[PDB]
Amino acid sequence: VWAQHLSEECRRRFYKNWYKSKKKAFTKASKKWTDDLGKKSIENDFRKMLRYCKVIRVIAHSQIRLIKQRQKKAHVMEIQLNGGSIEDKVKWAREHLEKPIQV
Amino acid sequence: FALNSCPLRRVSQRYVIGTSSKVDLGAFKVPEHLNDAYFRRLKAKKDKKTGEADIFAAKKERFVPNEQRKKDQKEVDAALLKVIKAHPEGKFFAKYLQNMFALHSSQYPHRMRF
Amino acid sequence: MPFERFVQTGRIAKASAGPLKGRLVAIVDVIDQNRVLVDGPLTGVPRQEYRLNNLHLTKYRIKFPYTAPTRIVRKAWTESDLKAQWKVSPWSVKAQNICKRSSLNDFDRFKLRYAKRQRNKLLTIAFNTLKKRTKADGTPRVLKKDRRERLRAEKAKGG
Amino acid sequence: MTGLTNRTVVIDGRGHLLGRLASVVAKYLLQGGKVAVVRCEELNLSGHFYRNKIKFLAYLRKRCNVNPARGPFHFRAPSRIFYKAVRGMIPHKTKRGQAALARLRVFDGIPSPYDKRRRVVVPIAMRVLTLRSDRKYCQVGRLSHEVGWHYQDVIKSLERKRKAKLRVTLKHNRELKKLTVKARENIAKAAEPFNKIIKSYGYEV
Amino acid sequence: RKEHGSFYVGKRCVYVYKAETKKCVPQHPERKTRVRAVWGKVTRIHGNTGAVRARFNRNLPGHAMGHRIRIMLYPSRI
RNA sequence: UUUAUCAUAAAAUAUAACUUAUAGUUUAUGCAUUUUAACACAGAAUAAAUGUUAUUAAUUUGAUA
RNA sequence: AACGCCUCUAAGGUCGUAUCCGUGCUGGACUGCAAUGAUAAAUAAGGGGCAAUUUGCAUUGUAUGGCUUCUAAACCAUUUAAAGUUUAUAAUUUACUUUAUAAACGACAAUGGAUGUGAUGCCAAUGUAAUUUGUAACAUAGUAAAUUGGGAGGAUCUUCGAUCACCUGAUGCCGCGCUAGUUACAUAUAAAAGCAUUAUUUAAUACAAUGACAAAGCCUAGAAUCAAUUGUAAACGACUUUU
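Residue numbers (the deposited numbering), protein chains in the order written: chain CB, 105 to 207; chain CE, 130 to 243; chain CM, 1 to 159; chain CO, 1 to 205; chain Cf, 80 to 157.
These are calculated hints, taken from the structure and not from any lab test. Be careful, since some hints might not be right.
To be verified - Restricting the straight-line Cα-Cα distance to at most 30 Å, the calculated cross-link-like pairs of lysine-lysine (DSS-like) are:
{"#": "1", "chain 1": "CM", "residue 1": "94", "chain 2": "CM", "residue 2": "83"}
{"#": "2", "chain 1": "CM", "residue 1": "135", "chain 2": "CO", "residue 2": "199"}
{"#": "3", "chain 1": "CO", "residue 1": "177", "chain 2": "CM", "residue 2": "145"}
{"#": "4", "chain 1": "CM", "residue 1": "111", "chain 2": "CO", "residue 2": "93"}
Unchecked claim - Here are the computed distance ranges between Cβ atoms for each label pair:
{"#": "5", "chain 1": "CO", "residue 1": "135", "chain 2": "Cf", "residue 2": "82", "range": "35 to 43 Å"}
{"#": "6", "chain 1": "Cf", "residue 1": "102", "chain 2": "CO", "residue 2": "191", "range": "53 to 61 Å"}
{"#": "7", "chain 1": "CE", "residue 1": "228", "chain 2": "CO", "residue 2": "135", "range": "16 to 24 Å"}
{"#": "8", "chain 1": "Cf", "residue 1": "106", "chain 2": "CE", "residue 2": "239", "range": "35 to 43 Å"}
{"#": "9", "chain 1": "Cf", "residue 1": "135", "chain 2": "CM", "residue 2": "21", "range": "33 to 41 Å"}
{"#": "10", "chain 1": "CO", "residue 1": "200", "chain 2": "CM", "residue 2": "71", "range": "49 to 57 Å"}
{"#": "11", "chain 1": "Cf", "residue 1": "112", "chain 2": "CO", "residue 2": "188", "range": "35 to 43 Å"}
{"#": "12", "chain 1": "CM", "residue 1": "91", "chain 2": "CB", "residue 2": "151", "range": "28 to 36 Å"}
{"#": "13", "chain 1": "CE", "residue 1": "226", "chain 2": "Cf", "residue 2": "135", "range": "54 to 62 Å"}
{"#": "14", "chain 1": "CE", "residue 1": "144", "chain 2": "CO", "residue 2": "72", "range": "55 to 63 Å"}
{"#": "15", "chain 1": "CO", "residue 1": "193", "chain 2": "CE", "residue 2": "226", "range": "53 to 61 Å"}
All C-beta atoms, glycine included, are put in the ideal place defined by N, C-alpha and C.
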């Protein structure tokens, strides 16, 4: 499950040429938060983690343009949450979608 | 042929599987002019009895089927059907011929009391 | 001691694997761990010995001395009346697929296995014979109580 | 399905001996076979555990010395302990006997449709027809755990998942037969119905 | 067992398979020719448990191992 | 051999009394009854089962030709 | 315990190594597996999916002599070659749990099978095969189906896995077509003269599967690489980056 808005710094792992492109990721499959979805799209996709899964890991950017490099293209990383009763882990990860976490 | 769509044809004992018991035919006439020699294909005279004649392909000279044969067919299948309904309807007596052998569970090709 | 089959004189045993297959013999004595004597007068088996792995045991003891000759086993075999109470033994009916389902000629089969469509076409339409929660009524049974009036009253349709 | 018998013969591995179930299956797979053996963590091995400990621990020290990666790859599942057998019993260096292990799928912990499809027992290879009293046996469940199989309690919890919903699909079916034995009552006056089958069975009435 | 495969001795077994060509007409009762058959005849018994040998017309190309041949039921003693 | 007849033996277990034992049983620690697979060669009687002699009934038996 | 007794052992439980096995760590079924994102050019026309596809041609795979079919509904919940299993019953109890009492089965014939283990089809014919055959009379039984919102429901390298089966709100009225039995009646079909017929066993019907064409609406409007740059990298490729 992805958050709907993502930084242009950090939709840049998904491209090997970004100047050249038309910037079309994640343009389609981020409309799932704007359709009905409450019976169909995403609340099912968060139901699935409460029941089947055992390990919930979370996906994070790094705001690398604060680092002043010539790089401008992010680093995506799966961090595992480790707090109990994975009913918690799906609500912790549903809170902190699109919101920063600092060291 | 009325029942099973099968005329008075002629088969070997090699191509046939005789079941256990009988059907009673105690007073059947078996109208003995149905000889083996009586029923060749008649014939291919190599052309139309004139001797040394012409031909085009795809002739139909072998299968009417015979008008006299349809009188012999309605004689037996009259008299056979008065018999075969009067049997005790067992496994193979009345509507009981009419289905297409392919066998089933717990039974045989090997070593049966067939 | 849950009183299993005992090899004891003369526990009545029905043989399989050897040439006395299908014969109800009587034990007379014990020769070995693995062999016994055997004597069934009424079932037609004279006094042999027999490999114990071949004969299987039934619930029928009968009393003789262990030194008995056949004539007094024969006296005892009829006196306790085995012959009538064995052909009703509760799975000696299940012997008789040997006399009925074994080879079941092809002057038997079709009739005996065409009625299984007769029986089943009257069984599947004996389904949705339903009580479980619907009851009542499970719409669209506005139309089907007319069909279900032919289960209850049944004059004439619904309703 | 349809084939030389079906397109599968599902065998439960529970309670069977590892090498008699192998040479039955490697013979049948060369007949044109299609087996699919499930529950491989349950195959019994003869001898006690410290007999088969030592023998699997000797087959893993056989590695190449020049470069160990080339040397015998020692697979540690239970289903690969058994698939290793059915390659000793198959001509696996031929294009005939390589299509004979490509009929063999072998699973350990009975998944995905081989949990509704009927699976059968091979009484020639059962333990309790073959192995005596007093004789200790093993299971390939604990052999693979003590030689490094990291998924033993994975599949034990997955078993209890499909053991648990088996009780939901039997209590669907235990009462449903109770409907049939009531549905059997209304047909005793069908026409002349049951007489033609009961006169050849009758032992189940 | 060997009394079982002693039934089939003498039966014209056939091995049936397919090929890309027709190359031939329907000459006797209608022939499409996509199906090839090598006719044979079962000869004797083989195993001690009911396998069987069969001499064929040509000789069975051995990528036919494990593929079905059809033992016929004709020519039949009863 | 086996079935069968004979005469005696001598009777080693099985039908065929009633002990005691055993627990479960009742009634007031015993009895009353119940299973004795505890079961007193505990007895009678029977099997003359077993023991002796002899003969055999479609004279019964296989293998070997 | 054997072996009236002792005994670390025969059955059973334990204590336990710098060893062994695993984790941690490095490589990754070279090119395994899962998740995911985008899905072209054009925007006139096209190209690309949806798709059973609806519309034909035409092939393969097949049940191949109408169906030598099968079903993709179960037989323990540590185990024990006598080992015990079911069944009611009474109590107990989430539970066929637990317990008692009583049964059956006597490791047979049988059960390794057809309980065809939600009870298979071997077909609606009321003449059934390499096509389908019609209509009344009588008896019981009495199905199968098609349109609308909320829930609970389902993931093991999948035969189609953001869908999904049941169930309630509720739309509605098939009242289209059920079937079994008894009896009557209405036709059509079917016969390849081969009378010691088989052959490179066709093939259908149907099932399913693509394939390609003119045929059929919908949906769709991205990238990678090279070249240039970088210097976290460098023999070369390759990797990290940038417009």
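We went through each hint and held it up to the structure:
1. CM/94 <-> CM/83: The given pair, whose Cα atoms are some 17 Å apart, holds under the 30 Å limit.
2. CM/135 <-> CO/199: Status violated; Cα separation ~39 Å.
3. CO/177 <-> CM/145: holds, 26 Å
4. CM/111 <-> CO/93: violated, 54 Å
5. CO/135 <-> Cf/82: 35 to 43 Å: Once the Cβ atoms are compared, 36 Å apart, the range 35 to 43 Å for residue 82 of chain Cf and residue 135 of chain CO holds.
6. Cf/102 <-> CO/191: 53 to 61 Å: holds, 58 Å
7. CE/228 <-> CO/135: 16 to 24 Å: violated, 55 Å
8. Cf/106 <-> CE/239: 35 to 43 Å: Since residue 106 of chain Cf and residue 239 of chain CE have Cβ atoms about 37 Å apart, the given range 35 to 43 Å holds.
9. Cf/135 <-> CM/21: 33 to 41 Å: Holds: the Cβ-Cβ distance is about 39 Å, inside 33 to 41 Å.
10. CO/200 <-> CM/71: 49 to 57 Å: violated, 40 Å
11. Cf/112 <-> CO/188: 35 to 43 Å: For residue 188 of chain CO against residue 112 of chain Cf, whose Cβ atoms are near 57 Å apart, the range 35 to 43 Å is violated.
12. CM/91 <-> CB/151: 28 to 36 Å: At roughly 54 Å between Cβ atoms, residue 151 of chain CB and residue 91 of chain CM fall outside 28 to 36 Å, so the hint is violated.
13. CE/226 <-> Cf/135: 54 to 62 Å: About 36 Å separates the Cβ atoms of residue 226 of chain CE and residue 135 of chain Cf, which means 54 to 62 Å is violated.
14. CE/144 <-> CO/72: 55 to 63 Å: With Cβ atoms ~59 Å apart, the hint holds.
15. CO/193 <-> CE/226: 53 to 61 Å: Violated, since residue 193 of chain CO and residue 226 of chain CE (Cβ atoms, about 23 Å apart) do not stay within the stated range.
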